[PDB]
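Chain S is fixed; fit chain G with the ligand onto it per the hints.
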Amino acid sequence: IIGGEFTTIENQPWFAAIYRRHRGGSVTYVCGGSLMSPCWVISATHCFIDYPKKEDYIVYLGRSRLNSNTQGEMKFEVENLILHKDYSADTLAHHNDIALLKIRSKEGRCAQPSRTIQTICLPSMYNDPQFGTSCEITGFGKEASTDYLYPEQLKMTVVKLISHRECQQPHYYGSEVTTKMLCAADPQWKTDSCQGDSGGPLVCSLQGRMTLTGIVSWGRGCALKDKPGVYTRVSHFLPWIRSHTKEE
Amino acid sequence: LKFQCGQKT
Ligand SMILES: NC(=[NH2+])c1cc2c(I)cccc2s1
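From first to last, the protein sequence lines stand for chains S and G. The numbers in the UniProt record's numbering rise by one with no breaks, and the one at position 17 of the first sequence is 195. The numbers in the UniProt record's numbering rise by one with no breaks, and the one at position 2 of the second sequence is 165.
These aren't lab readings, by the way, just hints derived from the structure by calculation. There's no promise every hint is true.
What the hints assert, rightly or not - No more than 25 Å apart at the CA atoms, straight line, and that leaves these computed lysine to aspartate or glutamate pairs for DMTMM-like:
hint, chain 1, residue 1, chain 2, residue 2
1, G, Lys165, S, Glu257
2, S, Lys263, S, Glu285
3, G, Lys171, S, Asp234
4, G, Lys165, S, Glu255
5, S, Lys338, S, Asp306
6, G, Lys165, S, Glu188
7, G, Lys171, S, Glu251
8, G, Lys165, S, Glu426
9, G, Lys171, S, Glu425
10, S, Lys284, S, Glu233
11, G, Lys165, S, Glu425
12, G, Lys171, S, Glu233
Here chain G stands alone, though its shape is the one from the complex:
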């Protein structure tokens, strides 16, 4: 959606 630093999905 938007950038969430450090998140892998």
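Isolated chain S, as found in the complex:
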């Protein structure tokens, strides 16, 4: 996240950190995600696309640091990895960039409620905040697009939602942004999501609840003028989410 503040998971208790294991001894961070229900985390397909081998990913909940433990953190394996059929990437945008990960603990359980682990809410069918709403994004992504490492502390920032008319203007992204995407930026292009923040949440308050409005998906550069961050429009994927999620 460029700009922002450093936070702890108590402030984003539904944030999930996804890592991949290497036949060598190292685990590296891949992307962020959000907890929807006890056993399901939602992230972005492009984070898995290149290596869809579920057994090599590990998911941690209750995590405030990247490679050091946080007391209260829970570790899970990916029991199911569901990528979106119709997922596409062009020279910028990713289309239908949403993925579901069913988690299982080594003891056979899903997440448990704590002060650092909570679920986030889902919007109702095609329901979004209006452009102008200030939403917050969180993640361990880059702090500068030229960095080659990720911060060790979780960060958060606030961005405002912008209309499609503004984002589809030629000097922004043209028709690369579709109705199934959302754009968010800082009025003064000072803070924004960036690489390593993919899959994480764009949370806004809708009808009283803190709702997962978008998933970090792409952007041209980070915190670049007239280059907003583009997010997957969750309110438009509800059927798809439903047809794959069940029980507690």
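Frame of chain S, contents of chain G with the ligand only:
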């Protein structure tokens, strides 16, 4: 206690 979506504590 139990999950209350969207709640920070
Ligand atoms: N400007 C942005 N909000 C973003 C830029 C990127 C980049 I560069 C890579 C992956 C995800 C994102 S989001």
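Going down the list of hints, with the structure as the test:
no.	hint	verdict
1	G/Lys165 / S/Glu257	23 Å, holds
2	S/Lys263 / S/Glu285	31 Å, violated
3	G/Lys171 / S/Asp234	31 Å, violated
4	G/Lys165 / S/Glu255	22 Å, holds
5	S/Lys338 / S/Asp306	13 Å, holds
6	G/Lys165 / S/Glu188	16 Å, holds
7	G/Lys171 / S/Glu251	16 Å, holds
8	G/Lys165 / S/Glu426	11 Å, holds
9	G/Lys171 / S/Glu425	23 Å, holds
10	S/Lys284 / S/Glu233	13 Å, holds
11	G/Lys165 / S/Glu425	15 Å, holds
12	G/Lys171 / S/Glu233	31 Å, violated
The structure does not agree with the numbered hints 2, 3, 12 stated previously, though it agrees with the rest.
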